[PDB]
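A.B. asks: If you want the building blocks of each chain, they are given just below.
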Amino acid sequence: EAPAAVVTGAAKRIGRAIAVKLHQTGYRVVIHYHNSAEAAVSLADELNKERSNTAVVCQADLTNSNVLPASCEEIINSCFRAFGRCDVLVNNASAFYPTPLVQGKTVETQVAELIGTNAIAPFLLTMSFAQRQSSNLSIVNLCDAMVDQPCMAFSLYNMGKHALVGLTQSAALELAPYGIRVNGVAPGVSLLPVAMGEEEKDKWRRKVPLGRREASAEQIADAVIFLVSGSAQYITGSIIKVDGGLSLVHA
Amino acid sequence: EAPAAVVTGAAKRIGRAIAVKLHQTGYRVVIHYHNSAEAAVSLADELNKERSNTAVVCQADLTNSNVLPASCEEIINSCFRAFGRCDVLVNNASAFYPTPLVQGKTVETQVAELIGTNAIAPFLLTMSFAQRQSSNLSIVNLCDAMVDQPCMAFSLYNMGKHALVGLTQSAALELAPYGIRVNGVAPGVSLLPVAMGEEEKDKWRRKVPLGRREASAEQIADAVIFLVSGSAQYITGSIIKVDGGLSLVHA
Amino acid sequence: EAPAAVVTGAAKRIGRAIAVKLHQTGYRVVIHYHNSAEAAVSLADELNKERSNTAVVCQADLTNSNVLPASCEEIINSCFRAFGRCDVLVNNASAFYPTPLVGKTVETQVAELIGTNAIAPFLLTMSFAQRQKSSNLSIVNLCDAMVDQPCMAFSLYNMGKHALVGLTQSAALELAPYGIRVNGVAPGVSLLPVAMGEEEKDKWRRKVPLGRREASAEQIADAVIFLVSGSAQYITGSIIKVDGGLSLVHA
Amino acid sequence: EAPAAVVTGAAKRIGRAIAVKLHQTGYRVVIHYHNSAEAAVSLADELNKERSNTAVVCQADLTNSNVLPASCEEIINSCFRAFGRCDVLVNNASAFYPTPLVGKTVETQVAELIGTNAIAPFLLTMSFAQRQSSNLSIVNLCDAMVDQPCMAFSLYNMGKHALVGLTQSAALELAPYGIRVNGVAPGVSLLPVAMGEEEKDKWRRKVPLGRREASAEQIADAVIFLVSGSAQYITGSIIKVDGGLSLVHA
Ligand SMILES: NC(=O)c1ccc[n+]([C@@H]2O[C@H](COP(=O)([O-])OP(=O)(O)OC[C@H]3O[C@@H](n4cnc5c(N)ncnc54)[C@H](OP(=O)(O)O)[C@@H]3O)[C@@H](O)[C@H]2O)c1
Ligand SMILES: NC(=O)c1ccc[n+]([C@@H]2O[C@H](COP(=O)([O-])OP(=O)(O)OC[C@H]3O[C@@H](n4cnc5c(N)ncnc54)[C@H](OP(=O)(O)O)[C@@H]3O)[C@@H](O)[C@H]2O)c1
Ligand SMILES: NC(=O)c1ccc[n+]([C@@H]2O[C@H](COP(=O)([O-])OP(=O)(O)OC[C@H]3O[C@@H](n4cnc5c(N)ncnc54)[C@H](OP(=O)(O)O)[C@@H]3O)[C@@H](O)[C@H]2O)c1
Ligand SMILES: NC(=O)c1ccc[n+]([C@@H]2O[C@H](COP(=O)([O-])OP(=O)(O)OC[C@H]3O[C@@H](n4cnc5c(N)ncnc54)[C@H](OP(=O)(O)O)[C@@H]3O)[C@@H](O)[C@H]2O)c1
Ligand SMILES: Nc1nc(N)c2c(-c3ccc(F)cc3)cnc-2[nH]1
Ligand SMILES: Nc1nc(N)c2c(-c3ccc(F)cc3)cnc-2[nH]1
Ligand SMILES: Nc1nc(N)c2c(-c3ccc(F)cc3)cnc-2[nH]1
Ligand SMILES: Nc1nc(N)c2c(-c3ccc(F)cc3)cnc-2[nH]1
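Here the protein sequences line up with chains W, D, G and B, keeping their order.
Per UniProt numbering: the first sequence = residues 2 to 104, 113 to 142, 151 to 268.
Per UniProt numbering: the second sequence = residues 2 to 104, 113 to 142, 151 to 268.
Per UniProt numbering: the third sequence = residues 2 to 103, 113 to 143, 151 to 268.
Per UniProt numbering: the fourth sequence = residues 2 to 103, 113 to 142, 151 to 268.
Source of the hints: derived by calculation from the structure; they are not laboratory data.
The reader is advised that the hints may include incorrect statements.
[Said to hold, decoys possible] Straight-line Cα separation of at most 35 Å, DSBU-like style, residue types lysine-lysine; simulated pairs: (1) G:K220 <-> D:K218; (2) W:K114 <-> D:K114; (3) W:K218 <-> B:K114; (4) G:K224 <-> G:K50; (5) G:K143 <-> D:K224; (6) D:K224 <-> G:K224; (7) G:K143 <-> B:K13; (8) G:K143 <-> W:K220; (9) B:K218 <-> W:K13.
Throw the hints in and build the complete structure from the sequences for me.
C.D. replies: Below, the structure written as structure tokens:
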């Protein structure tokens, strides 16, 4: 049968691009989403029109809480319930906003969302994925090429993405005896936030040596597809920057 | 007016050495503890014998929870109460134990303790330290030289220490305009766990190129003292390995 | 028109596998060799049997000397003379042997180890770029996953490979305006030396988390093919580890 | 008896401040220089006026060539000749200029930039180790911007990367002899002699910590730490002294 993949935060933007590319490659997909129900259902509809019974949606909040482990177990279970297997996990869902150190949400809510989505949920999903297991099993974590030259006032987000690098390495080591590879893809500037005005987008665009433009969602998805493929069967613990040289540019 | 320092987890082992060496350098010190009340007090007694009213203690659990931000505010407050200023924060307190990915603390308790002590508490203490502020202000975070070659089955602990590296860099960037430096000290093998088998201890000792032995607590403290000193006033965002070459040794 | 690639040290082992996969993908190839003339010719004849006039050989010593710049220019010029174009350069040729700190003179060792692993790649990169100034131009440098946990007594080899990482980053930045991408592939343990006893090969194989085996030459080649492909069009300055997790394993 | 240190490129700027600071700490010093003879001799005069017989100069070209090993052996030998011992080596001398990929030959640029920044440190390390209570160590002056390099400085960057590799390899291999090997990595410190207020202030405003360059003395302070008894478990470590520069995105 066809293999099956879970993509977190897959309703739009880079997560959609990944789910679409996995689907085009032959995977059945679980489209996880949090708030973007209409978009997630519209995506599953398109994929199922292309090949019937190959896409399902799965709603979950990935904020840290005492029930997050159950939520993550349920996401993996949703892939087994729909498709009878789960070959690939892509940890894409991410909260992203500033948390200034010196002066809406309480700080503990900010911790829970920013560390939950970027690090704890990937950890719990990785535990569940491994516990439920020819084969080409792997996990791909969406990291950040700018983790060591971070945006000002984004400490909790940056902490979250560092922890995710840690996870990628720890889980690669620990899951290797089970034949589960664990890798990352690290965008620099890809799709800019929808709220950002064009002038500010262009400022970011002009920082990128390779073409003075952001990565397309497809360009990010391409590196994901490589890492899940048979062409990466000896690669584990590796994080591939997809940044057009941005991380190499000094202040 | 002598400067004042907060050292978390300062009752025993490396935290104690750091507190002692800061005191010997002329600092007044807050000795934070969780369970080691008798030891913390015994340390403060020894230090106040040398110099009267230059050491106090402060109890707090640094597990993440709804009350952690208040507990961290009060640690910083205890330094301002006792001494009228707070020049140095040392984030040393740390939970450490395995959290295997594949199979009586629940996983979310493990998250709260390992991520709370190694990363969230340092973030919250950093916030409180900064908000409450010629001077030589700095923060020193106790990291881990082996973050990129982690111990097997220590994912959460490793995620915690990676997040602490992220905080070190983010806070160095953001707090530099206030003259607050933020740095790290990364031990390799220092004081081995009290519980560990003596023959296990020697296996780790034999791995160290420089001397085939662990670092003393004083050797770790030595790097801390350098970082807080006037001879490090241009250093921020730096993490100093104190590992006798261990991290350079291949498998 | 079919694109063309230069592969240095392509007669045997990993370089051979790279040349073969590039050819299978549709490239015309220049097979550079130093001493392995019979193997190089055997490869060219095998490839030209598949498609006539698609493989040539080129001989050169890549040891550093007064004539190295000329030799590197000529290698690049051979691709243009043979094929009318040069789209891809793979810097694969490498001297490798110990140089302890405590019959070749030391300056010969410097010339060979730094020449092949670093200087020749730099001069080849200059010549490649000078001859340029639809298309997908890129350079791929064969690096080493173990560069930060080096083999004992291999200082000059390790220096060479570090210089090569530096060149990969510097050239990525500088050549990005010309649309030339520059990346690396970093093996850990791949094909072990031919004369090495199996019992010694096994000590290395047993260190690899993912399968307790070395990478095949084709597995290394797969990563090269990705980097040169249309699926890596935003990737520059990136070094892909292909190491089965070896570099994450502590001593 | 006083320990002794070799400092390469010690006539001016950062190397000079390192030599002065080691001397203040109690070391006898060899002041290596290439072209700065007057500044070198002037410095040794100053130092020897403070404590007699505690500074010598030693001239050498550290460009790579078939005689570089001899020149490097001679630098180390000069320390033993003057002082009967060699406790510390500081690899500070460095050529620095652009080598774009697209009136010196390219092989001269390779020789100078890779020689001074990497090969000479390697040969000096070999000679130092072969000639060997004690606290023996080597400190290499690296570069905090090695992973965000200046445009068109490929050979220089290659040199400094190779110097990181040397720092790690030599730390590993020399640990069984008790020789520690470490680095200090400036970001922006004393700006080039040829550079205007606009361009100097351009670099200054990039630095988070004070919007200024490091003083030479601030770089020397980290060197002093690493050679000290307070760093006896530290080997293979590189200390950035950059005021946060390397943390700032494009
Ligand atoms: N875009 C870039 O330039 C860039 C740069 C560096 C790294 N990255 C990384 O690449 C990945 C994709 O980036 P992106 O810009 O496409 O992401 P994004 O649009 O910011 O977020 C992707 C999805 O994350 C999900 N999410 C957010 N909070 C959540 C929560 N509490 N629970 C569950 N899901 C939640 C949302 O799902 P709903 O919409 O369903 O609510 C959202 O669509 C992320 O991991 C990101 O950090 C992106
Ligand atoms: N020892 C090593 O070889 C080594 C190696 C690498 C890194 N490090 C790092 O260096 C630092 C010191 O190491 P160490 O071995 O001295 O540490 P440790 O003995 O494991 O722990 C230090 C203190 O942390 C405090 N702590 C633990 N859980 C806590 C909680 N939930 N709330 C508040 N405080 C808590 C404890 O205080 P109470 O006793 O008062 O409960 C404990 O005494 C740590 O950050 C560690 O990760 C050490
Ligand atoms: N095999 C591994 O496990 C491993 C591990 C880490 C990194 N790598 C890297 O991957 C690449 C390929 O590895 P490999 O094991 O296949 O390499 P290799 O067999 O050791 O060397 C490849 C070729 O390098 C050429 N070469 C050597 N000295 C030369 C000189 N002075 N001038 C010109 N060419 C010279 C030789 O060509 P002739 O035979 O024609 O003389 C040789 O066949 C190298 O860059 C290597 O450092 C390999
Ligand atoms: N200044 C900074 O901002 C900065 C930033 C990053 C890294 N660094 C590193 O810190 C160290 C000192 O920096 P600096 O700016 O003080 O250095 P510098 O003034 O550029 O150079 C120091 C000395 O190196 C010597 N030198 C140059 N070419 C030589 C050769 N062929 N043979 C022998 N010696 C040679 C020169 O000696 P003579 O004058 O006697 O000819 C020169 O005085 C260097 O390793 C540098 O790369 C500095
Ligand atoms: N979840 C998530 N969404 C994002 N838009 C980002 C970005 C990003 C990167 C560049 C930019 F100008 C704005 C945001 C960086 N990291 C992100 N993570
Ligand atoms: N908080 C804390 N306590 C510790 N004992 C450690 C160690 C450590 C390091 C080496 C070893 F053999 C056992 C434990 C590593 N990291 C630690 N963190
Ligand atoms: N040019 C070149 N050839 C090689 N055989 C190597 C190796 C390698 C890696 C493992 C081993 F046991 C022996 C050599 C590591 N790096 C290399 N480079
Ligand atoms: N030998 C040597 N000399 C230097 N002046 C440098 C610098 C440097 C750093 C900043 C700047 F604006 C100009 C030069 C960076 N690296 C150097 N190396």
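A.B. asks: Each hint: holds or not?
C.D. replies: Now for the hints, and whether the structure bears them out:
1. G:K220 <-> D:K218: 24 Å, holds
2. W:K114 <-> D:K114: 29 Å, holds
3. W:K218 <-> B:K114: 43 Å, violated
4. G:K224 <-> G:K50: Violated: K224 (chain G) and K50 (chain G) sit about 40 Å apart, past 35 Å.
5. G:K143 <-> D:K224: 52 Å, violated
6. D:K224 <-> G:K224: Roughly 16 Å between the alpha carbons, so the hint for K224 (chain D) and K224 (chain G) holds.
7. G:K143 <-> B:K13: The given pair, whose Cα atoms are some 41 Å apart, is violated under the 35 Å limit.
8. G:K143 <-> W:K220: Roughly 28 Å between the alpha carbons, so the hint for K143 (chain G) and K220 (chain W) holds.
9. B:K218 <-> W:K13: Since the Cα atoms of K218 (chain B) and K13 (chain W) sit roughly 45 Å apart, the hinted pair is violated (cutoff 35 Å).
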